[PDB]
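> This is what each chain is made of:
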Amino acid sequence: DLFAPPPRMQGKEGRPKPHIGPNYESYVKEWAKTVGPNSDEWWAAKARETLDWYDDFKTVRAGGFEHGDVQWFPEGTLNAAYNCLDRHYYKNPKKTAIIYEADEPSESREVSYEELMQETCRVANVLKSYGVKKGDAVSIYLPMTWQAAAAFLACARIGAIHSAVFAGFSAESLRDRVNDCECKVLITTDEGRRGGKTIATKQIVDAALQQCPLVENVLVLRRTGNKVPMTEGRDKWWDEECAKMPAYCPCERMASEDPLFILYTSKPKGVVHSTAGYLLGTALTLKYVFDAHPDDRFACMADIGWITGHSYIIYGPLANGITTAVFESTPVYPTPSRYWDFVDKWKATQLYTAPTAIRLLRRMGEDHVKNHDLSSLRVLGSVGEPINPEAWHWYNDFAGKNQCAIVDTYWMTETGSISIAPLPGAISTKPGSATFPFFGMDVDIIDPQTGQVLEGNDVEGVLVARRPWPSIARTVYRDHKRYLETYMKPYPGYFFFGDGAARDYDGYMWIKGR
Amino acid sequence: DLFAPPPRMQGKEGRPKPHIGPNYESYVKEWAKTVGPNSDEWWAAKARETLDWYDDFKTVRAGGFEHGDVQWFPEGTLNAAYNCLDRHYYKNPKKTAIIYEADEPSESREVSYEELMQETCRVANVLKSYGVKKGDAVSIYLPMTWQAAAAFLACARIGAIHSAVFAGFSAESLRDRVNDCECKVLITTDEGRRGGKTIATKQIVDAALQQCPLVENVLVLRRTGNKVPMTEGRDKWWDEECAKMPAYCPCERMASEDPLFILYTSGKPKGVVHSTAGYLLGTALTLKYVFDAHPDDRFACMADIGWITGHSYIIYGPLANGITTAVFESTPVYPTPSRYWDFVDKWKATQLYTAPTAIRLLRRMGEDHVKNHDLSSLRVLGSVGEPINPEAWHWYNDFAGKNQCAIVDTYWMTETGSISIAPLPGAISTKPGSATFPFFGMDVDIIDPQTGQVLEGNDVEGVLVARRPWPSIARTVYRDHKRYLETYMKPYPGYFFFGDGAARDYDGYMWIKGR
Amino acid sequence: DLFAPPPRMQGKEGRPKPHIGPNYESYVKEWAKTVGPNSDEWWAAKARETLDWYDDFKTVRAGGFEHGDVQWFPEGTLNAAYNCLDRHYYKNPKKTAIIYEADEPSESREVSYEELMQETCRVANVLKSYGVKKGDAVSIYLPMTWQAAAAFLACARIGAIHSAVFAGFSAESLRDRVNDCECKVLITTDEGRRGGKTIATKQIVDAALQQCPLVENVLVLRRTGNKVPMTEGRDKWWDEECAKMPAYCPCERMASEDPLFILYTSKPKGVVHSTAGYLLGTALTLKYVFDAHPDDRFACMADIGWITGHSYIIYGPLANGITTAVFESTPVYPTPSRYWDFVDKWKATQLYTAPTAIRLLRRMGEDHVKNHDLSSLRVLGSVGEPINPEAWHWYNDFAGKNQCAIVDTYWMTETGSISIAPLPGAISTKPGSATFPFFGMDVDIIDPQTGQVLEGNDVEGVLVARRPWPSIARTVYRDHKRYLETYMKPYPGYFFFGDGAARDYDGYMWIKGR
Ligand SMILES: CCOP(=O)(O)OC[C@H]1O[C@@H](n2cnc3c(N)ncnc32)[C@H](O)[C@@H]1O
Ligand SMILES: CCOP(=O)(O)OC[C@H]1O[C@@H](n2cnc3c(N)ncnc32)[C@H](O)[C@@H]1O
Ligand SMILES: CCOP(=O)(O)OC[C@H]1O[C@@H](n2cnc3c(N)ncnc32)[C@H](O)[C@@H]1O
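Chains as they are written, first to last, in the deposited numbering: chain B, 25 to 290, 295 to 542; chain C, 25 to 290, 294 to 542; chain A, 25 to 290, 295 to 542.
Please note that a few of the clues may not be correct.
Under the rule of at most 20 Å between Cα atoms (straight-line distance), these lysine to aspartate or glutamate pairs were calculated in the EDC-like manner [unchecked claim]:
hint, chain 1, residue 1, chain 2, residue 2
1, C, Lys297, B, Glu90
2, B, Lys115, C, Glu90
3, B, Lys268, C, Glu90
4, C, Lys82, A, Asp80
5, A, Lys82, B, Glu65
6, B, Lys118, C, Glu206
7, B, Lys297, A, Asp160
8, C, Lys152, A, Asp507
9, A, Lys268, B, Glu54
10, A, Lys115, A, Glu128
11, B, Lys268, C, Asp263
12, B, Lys115, C, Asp507
13, B, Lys268, C, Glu206
14, B, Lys82, C, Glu265
15, A, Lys152, B, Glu90
16, A, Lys152, B, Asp204
17, C, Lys158, C, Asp79
18, A, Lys517, C, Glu264
19, B, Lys157, C, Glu206
20, A, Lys517, C, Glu65
21, A, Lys115, B, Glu128
22, B, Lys115, C, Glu65
23, B, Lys509, A, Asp507
24, A, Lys268, B, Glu265
25, C, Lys82, B, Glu73
26, A, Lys152, B, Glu206
27, A, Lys295, C, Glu264
28, C, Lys509, B, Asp263
29, A, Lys115, B, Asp160
30, C, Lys152, A, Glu206
31, B, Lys517, A, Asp263
32, C, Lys158, B, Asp200
33, B, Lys82, A, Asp80
34, A, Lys509, C, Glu264
35, B, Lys157, A, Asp263
36, B, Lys268, C, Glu65
Quick caveat, the hints were computed from the structure, so don't treat them as lab data.
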């Protein structure tokens, strides 16, 4: 029940050679440099190689779990939108940043880095004309359209802290998150289209804003064009506001520990992520866990309202300068072959889905996946919950045709990027196992009965992290006490994931879950 | 009718050697490095040599005409007030930044770089106390007084976007521009003195502010000292506010593409927006090369600071170069039609930059006012604003330069930022009424309006277009980017539309027919 | 009556070697480099060696007395809180930043650099949540508790100009200072404890704020825990607000000439100090005048509401990365041996007091100091007024046991740091004499009758400074005309101290005073 890296992950058949490989020893050799007291040099070199800095940093890391003063590269200044848009636009403006798969397949198209950069700059200029300053919160209530990315980056361009809310959340949840983030600006659509169904996003927005006094400006994207109520003064059309603005906006120089965004967990708790550490973590996980290469076309099927959508739809892939996919539909619309039709049409090199979608597709039958070419795929990703051996085997056999590496990535919103996953070109996978910790992750197992670390293999308990990592959450927005109580107080000296986990005789990690 | 550069432009008679010369081939050699796909090295070298940067840039240029996302040196940070005041103050504080020629000739005096920097810092501190932030618009309604420059630079010191309004504008024009820029602070004077005449500037300001709700603070310069109405709380005297402030203010670190200023074109007036680094570089380079400016030179542009000529070649260009500039408060015919030449003789001006209207008026005023003046310190005579007739050109050459000064016919607009087509004085043989050759970074062409295609070769006529962006090009129209694109970019896709008909003769010289 | 540097200041008996010594010639050699037209190299080297800069400076100095446009290192950017907390926290987090001697001796404890940094960052986050921006004034009405050092530095961390008011000032003085600085945020305690006595700081604050319209937020430190009135909305508890905030805050990159703080002289006149020049001056005076070394324990017993508390309790010692003492009590509480009990308990290496406290202790009798060890002491400092020969001799004989160098430091709030003092390891002292000018100080004596500088030795007149020094006051807050009239108009070309002074035949300076 062991699956070595496939030939597509061995650099054969014209496929790119893996970044780390070919076996477990190479992963160990590289991972030893990323943890421990001598790991500062590796992290400094990676931060300078991966991200573009306006000012260089001096200190690599500081702080800890006990007080929630975690710092990474504090003296450096950078911009997330510069690292995700501007440098790649300068290198190659015509390269596709986003493959936008609309709800209707005929409406899908490619958005270049130039178009995405121009839209981001227009939205950033609109936000600046609204009075949005560095450190201000901007709520984003958007469906899975490509402009959402622009919206995100727009905030990241001006130093605003964006707070994304799942589209289709009720008026109460949206109101709670908007009130907690204390935003004065909300970005939303008139309506959303998903699975051939209409989401009345603007009606929900009006119902929620009836109880959100601090919101003064609403920017409304005309996604569908159907009639929606628009309050005079408060509501403005995205296209009309952006037509008045120039297609370029200067980047605000952010400290490394400036909060990049707030993401509310589904009182809602707002996990806060800073700029440089989170960006470095997601870029490195995208490059290594999925073996991304410059010409790759990443296809993550999550939602931008989720942490997976934050990391491996927007920030991670665009920081790497590769093509990412924004999928506006459901896996069974119009037909349960939608994922595979999309992969064949766009020649996706990686696929990142959730076990729930895989299970639904498996329940939908084999005729929808059996006759598809695929074969541009190299890495198949799973995230969100433990994947059963049957679902794992269906994913391997039909979506990858036994020629793609299957990565079971375990992480949370508070970890920022992937924590435990197999390296596709090095690690032999076990079905339903998140195998080994990522770079900078020193995870162990504590016995909850005694609170002591269970050394060795073939043990079971609660999963903890020994040391902070660059992409860890820094606080809970205006609720640092809750942050410390949830993640740092249960086991002092360790970060508490809250997931029961086991390590088998081979050292492989098995996440039991919450 | 060809005029080679005179001996004063040949480095002889103790005059400085020209930066570019002595003939057309040298101009071509330097210009070829400033255009095309291999010109990034030249522009990066010039940007690093001419301007002082707080942070270095990585990219030289990006963007284009189609969407209006033009970028020059985007990653670099700098300050216009630092590059126009502080570095020259550090090098030589006692050097004259401004020769202020007052309306009354006995009231004229030299303002040093130290005094100008201190005044700029006091006004910047006042504006900061008013709550003005980086990116905020500040309206300026000032006559041709030297403190106006300070006011300009004051905004540029704190990241404020200044919006200059010509002091001759009525209450309605001032109100329209002030409302469009959405400023909360207006810098103005009690009264102006031009041609012995009084401009009731504060009265017009009150009439306009009756319909300008967003303006909360008015800073009033006591220019004449006559009684004017002063609203309690809203209006404060410039001297009283500046006395409470320190004489130094820190320079705010500004991105290259941060908007330096808004200038409204004379239905709704269009606010042409200029960024900082590209515009500063363009104006400094045009000032150094088109007028052959040298460190000890005394530049005399007699335009108004309410127009782009005053923005570029009274304030930003000459002060970025660290030379003496002139602020002329009077008219060409006050007190007598010899005022220009009396000024040039008294201050030993090395360059003159006027408009064909003033030269035509002086020519109609008779030769008795110019024939008996020395004027030998002059080396370059500049004309800007409209095509200059051969008779006016010859009167300018023979009477003002005494046939010993180069005549530059500089063609450009507010949207170009700096001079686009002009003769290089030490290299180009001029033809009267001709803006001869494009400046560095300008790749101009003639397009047939009926067909829309570029008319290659010589002896062609059509509309003037620019193939590629240049550092000092306007970035947008304030809150009206659609108007910017429609006016300058959609008429001929892939090109920048000047709106001016132009012809190129057999020698390659450009002739601007005009709008 | 001449006193050569003692063996404790000669590098003997295991004591650190003095930075400058052993005689007057060495002081002259080092001081000649710090004044004159060729002193820019020395000051540039010292600025780059002493302070951590975000951006390097190009110009060393500019401006002058006549217009009050003094500039030092204008193009450089830095942060005072970074230089006082972050770099030392990065080098050694567990080192004691503050020895907090509480009013009750049993309540005293050591605050480490990590704890001080975390408290400063929490307060900075609270202030940022109050809307405090760079350049905004924040009033501080705090007793001699260690958190005051945090509050100060919190402002310095975010570019806020802190304005400290002596605790125990009446409601009218507090109101005048708060109204003049135009602050919108006030930091104070519920009550203060000094000399076993209670100071109703919150009651005075309420009485003052009844006439301070611009104040919108009050942060109240629960120093004693006794019941005080708290206005709903306006007043919030320090601990409650700080518990919601993360323990790290990014440092605002500040221009060198950005105003660090406003200190009102006891209409109140707010002396304004910029960041880089003041920080450099205080750090250099602390290092050289007191011969501070990395492991030293500086004990300045002034008040943080005074300029001495600004320079040699908070900024100077913490910039040097050494331990500083925050003394909450009086010299005679609970007994007149409190100073010497504290010195013996914490092994203070330097003591910096005022002549009034020394005279009070001398009046209290010799039985309180005669039996104390006091061996760790090396330097004894006096500041505030001319110290009588009898008081000087008592200080030398009983507090130092004729084994400590006695430095008489003359300076004002407008000089920022010490102007005239003996270098302890080099200068032979005379009782009641501030001997020689400090680095960058070129003082002279002007005859007030004629206004001309009196050349040579054995002259008397008014003390003037020929050239600006880095730590000189830049202005009086919104009263620059008063600043010029007080300090620069009486003798054009010079800085007027306002103190009559004499120089004897040996070149020693004798300050007559106001
Ligand atoms: C990235 C989503 O972050 P969140 O939406 O905050 O959910 C985080 C929570 O999902 C669960 N989980 C995620 N990935 C896996 C996995 N590979 N195997 C098992 N369980 C998993 C786990 O319980 C975790 O703590
Ligand atoms: C600098 C003033 O800028 P503006 O006030 O925006 O006027 C810009 C408009 O003036 C005209 N013009 C300016 N210089 C010349 C010239 N040398 N020869 C011919 N015509 C000229 C032209 O029509 C242009 O388009
Ligand atoms: C640091 C206190 O600054 P301030 O509270 O502003 O008082 C400043 C004023 O105290 C006096 N003074 C301070 N130190 C001494 C000293 N060593 N010898 C004599 N007189 C001194 C002097 O009159 C000065 O001008």
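> All hints are to be evaluated individually against the structure, with a verdict given for each.
Hints, one by one, checked against the model:
1. Proximity of C:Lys297 to B:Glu90 is assessed by CA-CA distance (about 57 Å); at most 20 Å being required, the pair is judged violated.
2. Pair hint B:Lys115 plus C:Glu90 holds up; C-alpha atoms about 19 Å apart against a cutoff of 20 Å.
3. In summary, the hint linking B:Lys268 to C:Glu90 is supported, as the alpha carbons are separated by about 15 Å, within the 20 Å threshold.
4. With a C-alpha separation of about 19 Å, the suggested pairing of C:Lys82 with A:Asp80 holds against the 20 Å cut-off.
5. Pair hint A:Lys82 plus B:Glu65 does not hold up; C-alpha atoms about 31 Å apart against a cutoff of 20 Å.
6. Of the pairs offered as hints, the one joining B:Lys118 and C:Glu206 is violated, with about 37 Å between alpha carbons and a cut-off of 20 Å exceeded.
7. With a CA separation close to 31 Å, the supplied pair B:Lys297 and A:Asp160 exceeds the 20 Å bound.
8. For the given pair, C:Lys152 sits about 15 Å from A:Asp507 by alpha-carbon distance, which is consistent with the 20 Å threshold.
9. For the proposed pair A:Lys268 and B:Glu54, the alpha carbon gap of about 38 Å is over 20 Å, so the pair is violated.
10. Taken as a hint, the A:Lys115 and A:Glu128 pair is broken in the structure, with Cα atoms around 32 Å apart against an allowance of 20 Å.
11. In summary, the hint linking B:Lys268 to C:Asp263 is not supported, as the alpha carbons are separated by about 39 Å, beyond the 20 Å threshold.
12. Between the alpha carbons of B:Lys115 and C:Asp507 the distance comes to roughly 30 Å, so the proposed pair goes past 20 Å and is violated.
13. As the CA atoms of B:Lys268 and C:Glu206 are separated by approximately 15 Å, the hinted pair is consistent with the 20 Å bound.
14. The hinted pair formed by B:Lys82 and C:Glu265 fails the criterion: a straight-line CA distance of about 42 Å is larger than 20 Å.
15. With a C-alpha separation of about 23 Å, the suggested pair A:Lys152 and B:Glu90 falls outside the 20 Å cut-off, and the hint is violated.
16. A hinted pair counts as satisfied when its Cα atoms are at most 20 Å apart, and A:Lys152 with B:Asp204 qualifies at roughly 17 Å.
17. Simply put, C:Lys158 and C:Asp79 have alpha-carbon atoms about 18 Å apart, close enough for the 20 Å limit, and the pair holds.
18. A C-alpha spacing of about 18 Å is found between A:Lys517 and C:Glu264, which places the hinted pair at or below 20 Å, so the restraint holds.
19. In summary, the hint linking B:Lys157 to C:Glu206 is supported, as the alpha carbons are separated by about 18 Å, within the 20 Å threshold.
20. Taken as a hint, the A:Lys517 and C:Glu65 pair is broken in the structure, with Cα atoms around 52 Å apart against an allowance of 20 Å.
21. Simply put, A:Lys115 and B:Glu128 have alpha-carbon atoms about 58 Å apart, too far for the 20 Å limit, and the pair is violated.
22. This hinted pair checks out: B:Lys115 and C:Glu65 have alpha carbons roughly 17 Å apart, not beyond 20 Å.
23. Under the criterion of a C-alpha separation no larger than 20 Å, the hint pairing B:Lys509 with A:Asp507 is inconsistent with the structure, at around 44 Å.
24. Taking the CA atoms of A:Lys268 and B:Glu265, the gap is about 36 Å. The hint is violated against a cut of 20 Å.
25. Between C:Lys82 and B:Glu73 the CA atoms are separated by roughly 16 Å; this keeps the pair inside 20 Å, and the hint holds.
26. A C-alpha spacing of about 14 Å is found between A:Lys152 and B:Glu206, which places the hinted pair at or below 20 Å, so the restraint holds.
27. With a CA separation close to 19 Å, the supplied pair A:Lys295 and C:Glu264 stays within the 20 Å bound.
28. With a CA separation close to 11 Å, the supplied pair C:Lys509 and B:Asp263 stays within the 20 Å bound.
29. Pair hint A:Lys115 plus B:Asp160 does not hold up; C-alpha atoms about 33 Å apart against a cutoff of 20 Å.
30. Proposed proximity of C:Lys152 and A:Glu206 is supported: the alpha carbons are some 14 Å apart, at most 20 Å.
31. This hinted pair checks out: B:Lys517 and A:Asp263 have alpha carbons roughly 19 Å apart, not beyond 20 Å.
32. For the proposed pair C:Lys158 and B:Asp200, the alpha carbon gap of about 33 Å is over 20 Å, so the pair is violated.
33. Straight-line distance between C-alpha atoms of B:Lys82 and A:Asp80 comes to about 15 Å, which keeps the hinted pair within the 20 Å bound.
34. For the given pair, A:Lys509 sits about 10 Å from C:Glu264 by alpha-carbon distance, which is consistent with the 20 Å threshold.
35. Between B:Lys157 and A:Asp263 the alpha-carbon distance is near 28 Å, which puts this suggested pair outside the 20 Å criterion.
36. Using a Cα cut-off of 20 Å, the hinted pair B:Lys268 and C:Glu65 is violated, with the two alpha carbons roughly 34 Å apart.
This entry does not satisfy hints 1, 5, 6, 7, 9, 10, 11, 12, 14, 15, 20, 21, 23, 24, 29, 32, 35 and 36, going by the numbered hints stated previously.
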